[PDB]
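Chemist: Given next are the chains, with one letter for each unit.
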Amino acid sequence: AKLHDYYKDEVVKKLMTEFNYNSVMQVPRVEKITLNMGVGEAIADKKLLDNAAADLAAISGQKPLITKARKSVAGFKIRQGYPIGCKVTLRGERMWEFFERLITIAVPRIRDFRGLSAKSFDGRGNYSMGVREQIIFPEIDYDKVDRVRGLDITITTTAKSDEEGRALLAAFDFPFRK
Amino acid sequence: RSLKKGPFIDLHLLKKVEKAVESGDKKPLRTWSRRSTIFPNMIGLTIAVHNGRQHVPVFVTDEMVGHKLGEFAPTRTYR
Amino acid sequence: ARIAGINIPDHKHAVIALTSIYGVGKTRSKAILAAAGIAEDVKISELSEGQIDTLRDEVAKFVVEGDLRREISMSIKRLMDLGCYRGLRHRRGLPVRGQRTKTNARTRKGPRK
Amino acid sequence: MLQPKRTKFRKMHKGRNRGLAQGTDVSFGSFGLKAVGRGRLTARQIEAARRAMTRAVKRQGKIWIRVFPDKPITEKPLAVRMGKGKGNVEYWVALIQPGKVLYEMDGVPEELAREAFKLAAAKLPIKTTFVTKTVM
Amino acid sequence: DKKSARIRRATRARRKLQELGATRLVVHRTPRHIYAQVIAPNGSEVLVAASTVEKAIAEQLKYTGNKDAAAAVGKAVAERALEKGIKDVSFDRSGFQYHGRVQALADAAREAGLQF
RNA sequence: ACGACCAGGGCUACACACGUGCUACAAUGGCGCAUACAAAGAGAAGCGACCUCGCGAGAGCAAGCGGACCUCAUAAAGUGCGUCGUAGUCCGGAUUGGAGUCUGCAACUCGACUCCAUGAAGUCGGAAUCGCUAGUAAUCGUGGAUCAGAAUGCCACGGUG
RNA sequence: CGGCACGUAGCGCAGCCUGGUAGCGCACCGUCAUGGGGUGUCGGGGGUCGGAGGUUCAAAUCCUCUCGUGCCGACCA
RNA sequence: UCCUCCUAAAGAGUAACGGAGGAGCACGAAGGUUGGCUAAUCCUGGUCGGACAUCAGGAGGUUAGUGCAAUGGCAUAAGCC
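Sequence order for the protein chains is BF, AS, AM, BM and BO.
Under the deposited numbering, the residue at position 11 of the first sequence is numbered 11, and the numbers go up by one with no gaps.
Under the deposited numbering, the residue at position 15 of the second sequence is numbered 16, and the numbers go up by one with no gaps.
Under the deposited numbering, the residue at position 71 of the third sequence is numbered 71, and the numbers go up by one with no gaps.
Under the deposited numbering, the residue at position 121 of the fourth sequence is numbered 121, and the numbers go up by one with no gaps.
Under the deposited numbering, the residue at position 47 of the fifth sequence is numbered 48, and the numbers go up by one with no gaps.
Calculated directly from the structure, the hints in this document are not laboratory data.
Any given hint could be a false lead.
[Said to hold, decoys possible] EDC-like mimics (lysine to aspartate or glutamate), calculated; alpha carbons at most 20 Å apart, straight line:
# : chain 1 : residue 1 : chain 2 : residue 2
1 : BF      : 32        : BO      : 2
2 : BF      : 144       : BF      : 45
3 : AM      : 43        : BF      : 143
4 : AM      : 77        : AS      : 11
5 : BF      : 144       : AM      : 10
6 : AM      : 61        : BF      : 143
7 : AM      : 12        : BF      : 112
8 : BF      : 178       : AM      : 67
9 : BO      : 3         : BF      : 31
Work the whole structure out from these sequences, hints included.
Modeler: Here is the structure:
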C-alpha cells in the first residue's frame with residue numbers, strides 16, 4: 001500500500017496547488033495498469049506461450065489471459081483464432097508493489113536508462129512505455145532465458161492532458177528524460 | 002593511427018594566421034599544407050587544404066584538429 | 001550483485017566471469033581482484049561479502065556499459081559530420097588500417113559472395 | 001478514353017430521356033455552353049471539343065468540362081443474328097438533355113469565348129447556345 | 002457507462018412483458034437506495050410503489066439500501082400489492098441479476114404468497 | 001620536350017576473382033607461476049647493459065664494445081606444479097575505439113610497435129590438388145640482411161623430432 | 001472474329017485440379033582439371049508465375065476483367 | 001432444378017439465347033435456452049512489432065458482423081462470448 005497512501009496524502013496536495021480547480025476529486029488518478037507481452041507467432045507458440053506466460057506471472061501474483069486474434073492478420077497470417085498474446089489487468093494491490101518495482105526493481109536494474117521519452121500521449125494523456133528488454137526480478141527464467149525480453153506497460157490513468165500525466169508520475173519520481 | 006605527441010602545427014599555416022589576426026574569412030585559404038593541426042584563432046575558417054589535384058575549402062570545427070586536416074579531404078574517389 | 005548489465009556468470013573462476021562484464025576483460029578483471037584484495041582461486045560462485053562492494057565500485061571507475069557504448073558510437077558520427085576519412089569509411093563499411101581491400105577485408109565487406 | 005476506371009458494372013440499359021436540367025449554371029466558368037436538345041456525346045466528341053477550344057483561348061483562361069460519360073451503351077457486332085446475347089461495350093455515352101451545361105470558359109473576353117465555343121461546336125451533336133457568367 | 006448498459010439490458014424484458022400485458026414489478030437498484038414500483042397492466046402509470054425514502058419504511062432500517070431495506074420492501078411488496086389485492090406481479094428484473102437485494106424483496110413476495 | 005626540377009597525390013584503390021604464405025578452430029591444449037637446455041650471425045649517423053622511472057612498449061641516465069671479450073640475448077616449444085573442463089568457451093584473435101610509444105620536419109590516403117577495452121569469423125574444411133624418403137617432414141623458436149623507421153616475406157641457425 | 005487450352009528463370013514443362021511452397025532438365029555464371037578450350041567432376045544464382053486484383057489469413061491456381069499465341073469450328077443450301 | 005437482386009411499369013406475380021451471382025451444404029454447436037458482451041475504420045502512444053500482430057486510449061457510430069451468395073433485415077440486438 002506504499003503508493004496508495006502516497007496518493008491520498010501529499011500526491012493530491014502537490015498536484016492541487018499546481019493545478020487549482022473548484023474541485024479536488026476531479027484529480028487524476030492512476031486506473032489499472034496492463035502488462036502485455038505479445039508472444040506473437042503460432043509455429044511453436046503453444047510451448048513458447050508457456051514461457052511468455054510464466055514471466056508475466058513473475059511480476060503479477062495472478063496468471064494472465066492470452067488474447068486471440070482480433071480483426072485481420074497480415075503476412076503473419078493464421079486466422080482470427082489462435083492465442084498469440086498474453087496480457088493481464090492489474091489490481092490496486094498489484095499496482096503499488098509494481099510501482100516499487102518500477103523504480104526499486106526496474107531502474108536500479110537496467111541495461112541502461114538515461115530516461116526514455118519526455119512525453120507520451122494517448123488522447124487523454126496517458127503514459128505508455130516499453131522497457132524494450134525486461135528487467136530481472138525473482139524468476140528462474142533468466143536461467144532459461146525468455147523468448148522475447150521486453151514488454152509494454154500502459155498506465156491507464158484518468159486524465160485529460162499529458163501536462164499532468166507526467167506530474168502525477170513524477171510524484172514518487174519516474175524520472176524519464178531530465 | 003597516430004600523431005605521436007609532436008603534431009605538425011605547420012609554418013605554411015603560420016603565415017596564414019598572421020594574415021588572419023586582423024581578418025576573419027576573406028578568401029578560401031589556398032593552403033597546400035595538409036599536416037597542420039590549427040590554433041583556435043584559425044578555427045572557424047574555410048581552410049582550403051590541397052588534395053593532390055585542386056584544393057577543397059573545409060569549414061573547420063574543433064574535432065577536425067584532433068587530427069590532420071588532410072584527412073578531411075578525400076584524395077581518391079570511389080564509385 | 002549482478003550490477004550494471006544483466007547476468008554475472010558463475011560455475012567458474014572470479015577473474016574469468018569478471019571478463020564477462022561488457023567492458024571488463026582479461027587484465028581489467030585481475031586488476032579489480034588485486035584492488036579488492038581477493039583471490040581468483042575462489043570462484044564468483046562464492047561471491048564474497050567484501051567482493052560484493054568492489055563489483056560496482058571498480059566498474060564505476062571504468063568506462064563501461066551504456067556509458068562507453070554511448071561515447072564510442074557518438075564519435076562514429078562526430079567525424080562523419082566533418083568529412084573525415086575515418087568518417088565516410090564507416091558508411092562504406094571500409095577499414096581505416098590500410099588493410100587489403102584488393103583481396104581481403106571480409107569483416108568490412110562481409111564474406112565472399 | 002473517358003470512363004469509370006474501376007467499373008461499378010460492365011453493362012447498363014438504354015435509358016430514356018425525360019429532358020430538362022438542374023445543372024444549368026457555371027460554377028468555375030464565366031462563359032459557357034448549355035444545350036438545346038438531347039442525345040449522346042460519345043466522348044470522342046468531348047475529346048475533339050477540348051482540343052478545338054485549347055487551340056484558340058491559348059494559355060489565357062481555363063477550361064472545365066461538365067459531364068463525364070457514365071452510361072456504357074453496347075453495340076452488338078456485325079453479321080450475327082440479333083438477340084443471342086447482349087452486345088459489348090464499344091462506347092461510353094453521355095446522356096445529355098436540354099439546358100445541360102457542356103463546357104466552361106473563363107479568363108477571356110465575351111466575344112473570344114463565343115468564337116472559340118462556335119468553333120468547338122459542330123463537333124458537338126446538337127444545337128447550343130451561349131451562357132453569360134451571371135451574378136448568381 | 003453504467004446508466005447506458007443498464008438501459009439496453011432492460012429494454013429486452015420491457016418488450017417481452019409488454020406484449021403479454023401484466024402488472025409488473027420493476028426493481029431499480031442503487032448502491033444507497035432502492036426504488037421499486039408496480040406499473041400498470043398496459044404501462045401508463047404507476048399504481049403503488051415503494052423505495053427506501055419512506056419514513057414508514059425507514060424505521061426498521063439501520064441505513065438506506067442495507068437489505069433490511071429489502072426486508073422492509075419484503076413487507077412493502079406484501080403490503081402494497083394486496084391493498085389493491087394484486088397478486089399478478091411478473092418480476093421485471095430491469096437488467097439486474099437475481100443476487101443480493103435483487104434476490105431479496107422478491108423471495109419475500111413468495112413469502113407473501115404472490116403469484117409467480 | 002614522353003626531357004627537367006619541386007610540392008602534394010597516386011605505388012598499400014575497390015563492387016569482385018585468383019595464387020603464395022601466416023593464425024586458429026583446442027586439452028597430443030590454452031592461460032598463470034617457476035624452472036630446463038642452444039646454435040649461428042650483428043654492430044662507432046650502431047647495438048645499447050646498468051641504475052631510475054614507466055602497467056607496458058619503452059624513455060631518461062649511461063657503462064661497455066668497432067667486438068670468441070661487451071651490447072643484441074632472455075632461446076622458445078619443452079618440464080614440474082596451478083588452473084580451466086570440451087562451452088564458441090577460460091579457446092580464438094580479426095574489427096574498431098580510446099590511450100600511448102618510436103623514427104623522423106611531418107606518419108592524411110600508405111608506418112610498425114605497445115596498452116586497455118571491444119571482442120570477429122571459425123567447432124578442422126565439397127569437388128580437387130600439392131609438399132615431403134630423415135635430422136627430413138612436422139612443429140617451436142633464434143639470428144641476419146634491406147632497414148632512419150614497417151617482416152606472417154626472403155635468407156640463415158639450432159631445439160625437440 | 002467466336003469458341004477453349006496454355007504462356008511460368010536463358011529456354012521448355014510440373015506445382016494449379018484440391019489457394020500457398022514455386023520444383024526439374026539442360027543452358028547461363030563461378031570453382032577445378034587441362035597449356036588452353038571444349039567436355040566434365042563440382043558450387044551458387046536465375047520466374048511482375050503473360051498482364052491484373054476481387055474473394056481471402058492465403059490466388060500462378062478459383063473467379064472476373066484482359067493480351068497475343070496455339071488449337072476447333074465460319075458449315076447445310 | 002432451386003435461391004437472391006435488377007429487369008418488373010412504387011399490389012401481386014412476369015418474357016427473352018436480358019443484366020449479375022450463388023446452391024446440390026454444414027453444425028451437435030454454428031442448434032436451444034439463460035446470462036453477459038458490443039463493431040468497422042482511422043488517429044495517438046506503447047518491447048520484440050514490420051504501414052498493419054498484441055495492449056491502451058481517442059475519434060467514430062455499424063461505413064461492421066451475420067457458418068457459407070446476394071438482397072432485405074438485424075443494438076430490444078438475430079450479431080458476439
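Chemist: Next step is simple, just say for each hint if it's right about the structure.
Modeler: Hints and how they fare:
1. BF/32 to BO/2: This hinted pair holds, its Cα atoms lying about 17 Å apart.
2. BF/144 to BF/45: holds (16 Å)
3. AM/43 to BF/143: holds (19 Å)
4. AM/77 to AS/11: Judged against 20 Å, a Cα distance of about 28 Å means the pair is violated.
5. BF/144 to AM/10: Distance of about 15 Å is within 20 Å: holds.
6. AM/61 to BF/143: Not OK: residue 61 of chain AM and residue 143 of chain BF at ~29 Å, beyond 20 Å, violated.
7. AM/12 to BF/112: violated (26 Å)
8. BF/178 to AM/67: holds (17 Å)
9. BO/3 to BF/31: holds (17 Å)
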